[PDB]
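Before any questions on binding or motion, here is one chain by itself as structure tokens, the form deposited without the partner chain.
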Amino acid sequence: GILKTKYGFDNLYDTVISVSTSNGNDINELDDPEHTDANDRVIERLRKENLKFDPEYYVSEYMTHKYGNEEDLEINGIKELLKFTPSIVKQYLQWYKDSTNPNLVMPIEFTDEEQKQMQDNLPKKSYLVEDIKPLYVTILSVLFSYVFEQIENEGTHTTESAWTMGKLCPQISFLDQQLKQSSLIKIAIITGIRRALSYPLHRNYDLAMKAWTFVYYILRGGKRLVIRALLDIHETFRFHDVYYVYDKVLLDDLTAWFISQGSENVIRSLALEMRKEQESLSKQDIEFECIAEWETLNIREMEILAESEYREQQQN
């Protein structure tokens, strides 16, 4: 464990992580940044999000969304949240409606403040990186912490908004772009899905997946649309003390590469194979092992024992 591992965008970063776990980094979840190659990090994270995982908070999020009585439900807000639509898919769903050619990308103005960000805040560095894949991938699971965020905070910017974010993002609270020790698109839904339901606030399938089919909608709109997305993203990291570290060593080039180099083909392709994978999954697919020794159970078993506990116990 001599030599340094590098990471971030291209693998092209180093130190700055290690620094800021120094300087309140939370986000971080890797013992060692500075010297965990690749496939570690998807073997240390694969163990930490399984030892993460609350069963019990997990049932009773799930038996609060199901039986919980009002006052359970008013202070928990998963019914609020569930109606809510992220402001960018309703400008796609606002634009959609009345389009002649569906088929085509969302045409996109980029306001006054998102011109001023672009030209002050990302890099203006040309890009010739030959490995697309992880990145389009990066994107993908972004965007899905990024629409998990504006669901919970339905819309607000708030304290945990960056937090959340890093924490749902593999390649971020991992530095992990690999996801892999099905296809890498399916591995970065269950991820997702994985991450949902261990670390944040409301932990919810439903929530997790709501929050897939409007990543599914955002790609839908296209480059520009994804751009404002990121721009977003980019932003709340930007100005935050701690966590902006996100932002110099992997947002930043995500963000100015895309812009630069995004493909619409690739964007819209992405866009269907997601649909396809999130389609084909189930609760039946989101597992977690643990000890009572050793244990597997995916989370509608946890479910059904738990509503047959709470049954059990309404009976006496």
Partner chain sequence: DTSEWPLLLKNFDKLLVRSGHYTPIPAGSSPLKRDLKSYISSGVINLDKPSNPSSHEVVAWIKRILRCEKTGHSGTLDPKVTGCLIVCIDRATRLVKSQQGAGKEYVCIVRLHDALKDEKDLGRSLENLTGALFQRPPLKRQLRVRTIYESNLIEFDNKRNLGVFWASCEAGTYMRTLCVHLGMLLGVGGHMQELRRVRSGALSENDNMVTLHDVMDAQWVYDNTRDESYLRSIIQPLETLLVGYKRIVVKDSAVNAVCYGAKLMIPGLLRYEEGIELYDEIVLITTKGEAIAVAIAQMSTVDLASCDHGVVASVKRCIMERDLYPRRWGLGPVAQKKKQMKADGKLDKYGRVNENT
The other form holds:
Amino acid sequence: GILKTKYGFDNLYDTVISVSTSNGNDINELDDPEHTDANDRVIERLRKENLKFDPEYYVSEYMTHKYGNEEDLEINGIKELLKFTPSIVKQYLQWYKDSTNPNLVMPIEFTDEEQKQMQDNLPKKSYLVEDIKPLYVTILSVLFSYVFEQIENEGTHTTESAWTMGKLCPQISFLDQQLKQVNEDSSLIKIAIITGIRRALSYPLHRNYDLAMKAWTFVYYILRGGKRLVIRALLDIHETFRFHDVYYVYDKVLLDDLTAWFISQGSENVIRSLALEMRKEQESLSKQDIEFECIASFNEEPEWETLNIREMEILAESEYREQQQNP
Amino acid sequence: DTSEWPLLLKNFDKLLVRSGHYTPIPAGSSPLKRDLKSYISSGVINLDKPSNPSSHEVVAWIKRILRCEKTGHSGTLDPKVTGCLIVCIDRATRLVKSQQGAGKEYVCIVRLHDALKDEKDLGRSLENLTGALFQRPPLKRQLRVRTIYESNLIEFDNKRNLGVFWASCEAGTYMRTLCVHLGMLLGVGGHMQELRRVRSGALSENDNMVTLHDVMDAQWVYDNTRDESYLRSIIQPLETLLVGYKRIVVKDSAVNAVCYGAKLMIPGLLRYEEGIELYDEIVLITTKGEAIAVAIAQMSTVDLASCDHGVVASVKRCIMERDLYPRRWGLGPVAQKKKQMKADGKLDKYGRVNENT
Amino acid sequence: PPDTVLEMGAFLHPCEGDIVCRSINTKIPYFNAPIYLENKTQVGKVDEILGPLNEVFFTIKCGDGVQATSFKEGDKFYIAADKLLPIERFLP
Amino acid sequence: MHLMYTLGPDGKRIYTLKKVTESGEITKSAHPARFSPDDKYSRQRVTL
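Return one more block: the form deposited with the partner chain bound, after the form deposited without the partner chain shown previously.
Let's see the whole complex now, leading with the same chain.
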């Protein structure tokens, strides 16, 4: 009608994204970034995740992990990926083993390069934020993106690292902080975790439920490490976006502020609490909750059939027998 | 004999082989044997820009004429230049960044503001301004260093006070500054009278340079007679801009990973070019000769021959789409099979597929 | 009033009302950096900087009532030592 | 415009300011003709 619908950190930003699409921003997935409210963003995302998800790609990836040979498995990568531990997780795990009280926060001394980042690259300002609960959940979401990226890439960033992270993160590719629809069941943290999984089975190179789950376990570990370990990850995420001459924009509208805010207003108790909260939700989940609407046709328009990811593996393994049998 | 094959496929048997075992995935087409919509979408026109409407307006005209999602282009430094403008269409836009940082050659007419007391002086001041030069942008304008690799005075007419010369230079070098600088170095003062760009990166005015009139015709001819041959001749496939680069062909199975930015590993290696030095910029290609990505090599050809494990190349720039080569197990539409499980029972009480055997 | 001063330029020739100089410093002038004679009087300011990395030249925009043609070869030109950047700040 | 050429023996352009060379070849403008986006003469120009 008139006014743009603000987005990003505390809904302060506009225009920036819209402009970036003319400049090669292919992370954004909103059809109309400047004129789409929070609820409509959900509607739009959920529907687009369905069109994006590819079951034939999903089953291929599963079958390879379970039934492919030594050769096909090494081309794919999945077995190695699942053995891998990101540098940040690894220094938490190391603290854990040595510590006689695994329940405390983990002491971090920020590196010289990290001190420099915090002076130079982040906004210096106070943050009056009344509504901080969507900011923590964004942290929860973005960490999953990061951890997934570290695993899939085995510790070394690449020229699509920001794209991978931005895709797995609903607050970035869809500017969506609400996550849960409202119209006229489940925790918000439980949705964030389901969203992470569903996107990790539709967008990246490796689409694998175990992987998604592994990435989430590692998120819980970093959280348990405490605020200072979360900041260390936030700093890496931030750089990966800043260093990109197109996607730097997501620092502008979201990560610039989010990391600066977190450094000063970030609570240690809220972090730990989020950690134990998200672990419960993750552990209450199974393949049965991961549903996608997939396509079968109809002529008398396309008709969607709903099936969870476990149903897809049984139909695969069932038809796999007929192939192994008949010839 | 394979030295008759088009573009990136020239001299394919002059690539040192690695693996013998593999199976060709039906997806994708070779660059020359692409089909219209996607040929155009990997398209590149070496345009002779007319001396007038700005580079952006002209590209806009190409967009309106062809009708396509995106167009970008090789460089804009001077607005009245004629000559090579490489207009990229759709997926080819992926390569404009490189095309813009690509070396450019010019033919320039300088206007001196008074007659030189020694004609031979210009050639000398031109010779003076080669290699790393200082240069501040003309009419946000910071002093930078640009290199002029070679120049050459072609012709000088002291009475008319006009000189015509060639310069080869780093991207970002301004010819209208160059002209002002000769002006100052000669005392009489000077400025750029006119300019023509004779090469932009891997494309010179000799390599199939077409005009806006050709673009309009080629499009008219399809829209009215459905013949493509025209349209398909003015548009060269992006793989053109990559002939110079050394080549690694990638196993069909490993292609998609490169499209997501992942390293290329030994298991994924199929063939390699001789004399590839550690850190070179290489192109990675399908066996159909499609450019997957431009990559930084990580293993010398000698290493690439003897190595059991190891990473071969990191991706500098993804060109190819993400799910062009998905690795389908070729089972059968999973969703569609659940429609037939409603149509025949066998589905459980809750409507979900039975874990049964 | 100026303080500590460095050798900057040596007069090469005039050019449409400006002073062109061969460089005699190892450092690079600021834009608009005021230029002085030995008797420390402001003759104008730095305009254009040009030439190769080894053989820099620059132009002086002449200050109010200063003729470009009222100088000769040799005549040195000077700059405030604080208004100079090392060559390192432009290289890769 | 001032920039003119003739094709050398090798096939490539030889640039010059002169309207006719030293060897008596009449020279061509180096620059392409202006283009007008609305040019209904596409059909006439294509048959030749």
